[PDB]
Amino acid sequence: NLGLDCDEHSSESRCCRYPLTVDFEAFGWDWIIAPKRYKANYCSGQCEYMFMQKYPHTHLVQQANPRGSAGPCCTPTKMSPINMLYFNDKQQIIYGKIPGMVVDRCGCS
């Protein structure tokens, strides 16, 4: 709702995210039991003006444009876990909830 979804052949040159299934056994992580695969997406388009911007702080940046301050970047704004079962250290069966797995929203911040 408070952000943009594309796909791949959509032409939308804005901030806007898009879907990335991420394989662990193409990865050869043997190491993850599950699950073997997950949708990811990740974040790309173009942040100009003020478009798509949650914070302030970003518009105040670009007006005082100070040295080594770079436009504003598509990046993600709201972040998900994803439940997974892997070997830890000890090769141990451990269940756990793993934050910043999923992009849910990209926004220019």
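So that the term is clear: the rigid core is the largest set of C-alpha atoms that superpose within 1.5 Å between two forms. Residue numbers count along the first chain shown, from 1. Compared with the form deposited in another entry:
Core-superposed comparison between these two forms: the CA of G28 stays below a 2 Å shift. Relative to the superposed core, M79 undergoes a C-alpha shift smaller than 2 Å between these two forms.
The Cα position of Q62 differs by 2 Å or more between these two forms after fitting on the rigid core.
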Second form
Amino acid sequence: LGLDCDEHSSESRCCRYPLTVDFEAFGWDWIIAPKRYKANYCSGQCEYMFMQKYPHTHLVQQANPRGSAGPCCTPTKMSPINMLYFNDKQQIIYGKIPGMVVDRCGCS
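Given the form deposited in one PDB entry, corresponding form deposited in another entry:
If you are looking for partners or other molecules, they are not here, because only the chain is given.
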């Protein structure tokens, strides 16, 4: 279970921040719904022993010295969204699009 953040937080560590992806801002009018959705993103420093994603992370971070670079703040849980859109054959499609929303953030 990671940490959630907003602009009213002072967290320099790996945290989940909110972001709205705007399909219309791309010029994509073939997407009926949603025009925009909350996708979020991961940012922050990955200090030692903080939100380690895998057992591999703990083992190399313990073994590997500081040299040369620490873990990267990365998603640890994703979720899908529904989307109603026209496809390349101009058909109305109701789909379940995976890997679209960041739910949690960790260190890998």
